[PDB]
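K.L.:
One-letter residues, chain by chain:
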Amino acid sequence: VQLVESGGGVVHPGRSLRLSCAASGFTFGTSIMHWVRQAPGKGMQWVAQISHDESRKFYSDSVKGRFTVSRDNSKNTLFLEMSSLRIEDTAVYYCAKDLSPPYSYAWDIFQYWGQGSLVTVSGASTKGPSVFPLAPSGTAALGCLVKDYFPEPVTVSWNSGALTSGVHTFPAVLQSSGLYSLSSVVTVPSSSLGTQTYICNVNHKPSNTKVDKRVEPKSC
Amino acid sequence: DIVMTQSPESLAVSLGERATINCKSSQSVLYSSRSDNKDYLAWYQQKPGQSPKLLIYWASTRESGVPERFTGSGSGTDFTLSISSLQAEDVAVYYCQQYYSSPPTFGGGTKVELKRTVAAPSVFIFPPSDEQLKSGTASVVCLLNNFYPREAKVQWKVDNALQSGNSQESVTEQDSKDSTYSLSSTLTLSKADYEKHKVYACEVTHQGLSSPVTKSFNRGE
Numbered sequence: 002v003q004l005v006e007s008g009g010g011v012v013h014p015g016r017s018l019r020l021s022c023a024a025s026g027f028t029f030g031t032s033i034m035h036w037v038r039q040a041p042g043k044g045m046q047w048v049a050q051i052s053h054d055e056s057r058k059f060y061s062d063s064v065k066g067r068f069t070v071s072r073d074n075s076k077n078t079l080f081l082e083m084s085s086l087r088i089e090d091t092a093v094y095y096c097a098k099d100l101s102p103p104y105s106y107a108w109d110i111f112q113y114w115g116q117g118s119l120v121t122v123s124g125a126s127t128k129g130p131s132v133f134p135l136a137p138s145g146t147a148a149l150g151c152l153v154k155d156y157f158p159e160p161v162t163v164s165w166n167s168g169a170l171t172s173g174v175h176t177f178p179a180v181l182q183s184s185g186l187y188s189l190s191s192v193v194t195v196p197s198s199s200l201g202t203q204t205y206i207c208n209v210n211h212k213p214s215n216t217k218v219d220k221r222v223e224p225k226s227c
Numbered sequence: 001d002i003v004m005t006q007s008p009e010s011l012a013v014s015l016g017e018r019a020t021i022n023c024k025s026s027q028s029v030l031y032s033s034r035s036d037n038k039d040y041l042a043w044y045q046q047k048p049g050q051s052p053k054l055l056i057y058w059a060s061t062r063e064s065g066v067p068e069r070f071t072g073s074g075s076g077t078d079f080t081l082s083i084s085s086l087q088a089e090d091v092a093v094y095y096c097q098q099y100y101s102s103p104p105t106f107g108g109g110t111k112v113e114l115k116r117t118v119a120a121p122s123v124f125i126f127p128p129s130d131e132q133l134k135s136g137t138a139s140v141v142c143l144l145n146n147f148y149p150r151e152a153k154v155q156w157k158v159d160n161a162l163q164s165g166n167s168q169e170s171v172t173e174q175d176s177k178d179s180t181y182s183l184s185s186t187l188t189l190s191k192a193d194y195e196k197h198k199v200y201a202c203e204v205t206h207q208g209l210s211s212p213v214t215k216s217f218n219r220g221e
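Note that the protein sequences, when read in sequence, are chains H and L. Counting with PDB author numbering, you get residues 2 to 138, 145 to 227 for the letters of the first sequence. Residue numbering for the second sequence follows PDB author numbering, starting at 1 and increasing by one per position.
Hints listed in this document are in silico derivations from the structure and should not be mistaken for laboratory results. Take these hints with a grain of salt, some might be off.
Unchecked claim - In the DSS-like style, the derived pairs of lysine-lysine whose C-alpha atoms are separated by at most 25 Å in a straight line are:
id: 1; chain 1: H; residue 1: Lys225; chain 2: L; residue 2: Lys215
id: 2; chain 1: H; residue 1: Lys43; chain 2: L; residue 2: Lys47
id: 3; chain 1: L; residue 1: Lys134; chain 2: H; residue 2: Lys128
Stated by the list, open to error - To be clear about the criterion: a stretch of chain H counts as covered by chain L if any three or more of its residues have a C-beta under 8 Å from a C-beta of chain L, and this derived list gives those stretches:
id: 4; stretch: 42-51
id: 5; stretch: 110-118
id: 6; stretch: 173-186
Ideal Cβ positions, reconstructed from N, Cα and C, are used throughout, including at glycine.
Work out the full structure: start from the sequences and follow the hints.
P.N.:
Below, the structure written as C-alpha cells:
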C-alpha cells in the first residue's frame, strides 16, 4: 500500500495548482478517497471526499467552491484542483484512503495516508539559497549553511546519500529578511578529514537549485 | 461542527513507562443503531516527515499490526489513548478524530517525548567561511550535538561583550535511535563589523554540564 502525492509548490494568491496522488497496493477503483491538509503548527483538517465513480463529492466549507476533487481510476490517481488560492491554504496536503468497504458510504476513517505535499501560497519572490561550508578545524563536525532562500523547503544529503550516520539537518528559521536559513551538520571520525571528501548536496526545487558544495578541512 | 480538544500538549515519560493522552469532543460521538453502540473516534500516530498511521478506531479497536501496548478507551465525550510501555520508536505526535458527524475533525495533537538519561552537548563553533565573507555578510554558527533534555542556554560573546537579538536558534526533533537533540545557534553579523572584532565565543549551559562550556576562536588566526 502506497500513496505518493506529487505536484505542489509556491503559488501567488488567487492562482491555481493541481495535486496528484498515485496509489498502489489496493483496489483504488472501488475505494473512497480523501484529501486532508495540515497547516504550519496546527492540526489536521479534512478537505475533500470522493466516491469510487466520482458521483458523490464532498468538500470542507473552507474550500467549497474553490477546490475540485477528481480521480482517474485507469491510472489509479487522485486529483485535487485548487483555485483562487489564499494565504491560509498554505499546508502539507495528504492523500488518504477511507476504511469503508467497496460500494459503501464513507466511514471517514483514514485507513492509509501519503507522506504529503507542501503547498505554499505567497506573493513573495522565489529565491534560491547560497551554500557555504561549515569547515572542520576523535570526532569532527562538518556542515553546510544554506542561507537566504524562499519559499521552503530545501533537502540536504551528504556524499550523494552515502553518508547518513551522524547527520543532523536543522529546521529552517525565518530571518527578519523574510528569507529562510538552514544548517546541516555531520560528525565523522577526525582521522578521515585528510583523505575522505565530504560534499553536501542541497536541493531547492522551487528555484530549481541543486548545489554540491565540497567542505574542506582547515589545517594548522 | 464537532470540536476535538487534546490534553496535554506534550508529555515526557521514561522508557517502559506509561504515557496517557486525553481527548474530549464538544459533542457526544456515541451512535445508537439496531446493533451495538459504537463510539465514532479514531487515533492516529504521526512521526515528523512521515505518513500518518491509523492506530485505533471505534475508540478501542486496534488496527491490524498495532501493538497491544496501544490502548484506546473512553466513551461518548471523554477518551484516552494509553501507551502501556513507551518505546523510543513511540516518539511522535498523536491525534484523535471523530467521524460521528460531518465534517470529520481532529484534535490539536499531543507530542510524546521519551524521557531518557541526561546527556551533555558536544559543542563546536564555526567561523564565517571565506566564501561568505567575500559575499559581504558573516554568519557564526555554534553546534550543540546529541544532548538531553532539550533545555539549554546559548549565549554569544564578541570581545567578551554579550550579544542579544542578533542570533537565532534551531533544534532538531528527538532522535529515533538515541532520543537526543541537536541545536544550532547562528550569530548573524555584517562583514565590516565582523572584521572589527577578534574573539568570538559560544558559551553553553546545560543540565549535563557541571559548569558552562565555551567554544571560541580568534578571527584572524
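K.L.:
Could you tell me which of the hints above the structure violates, numbers in ascending order?
P.N.:
none
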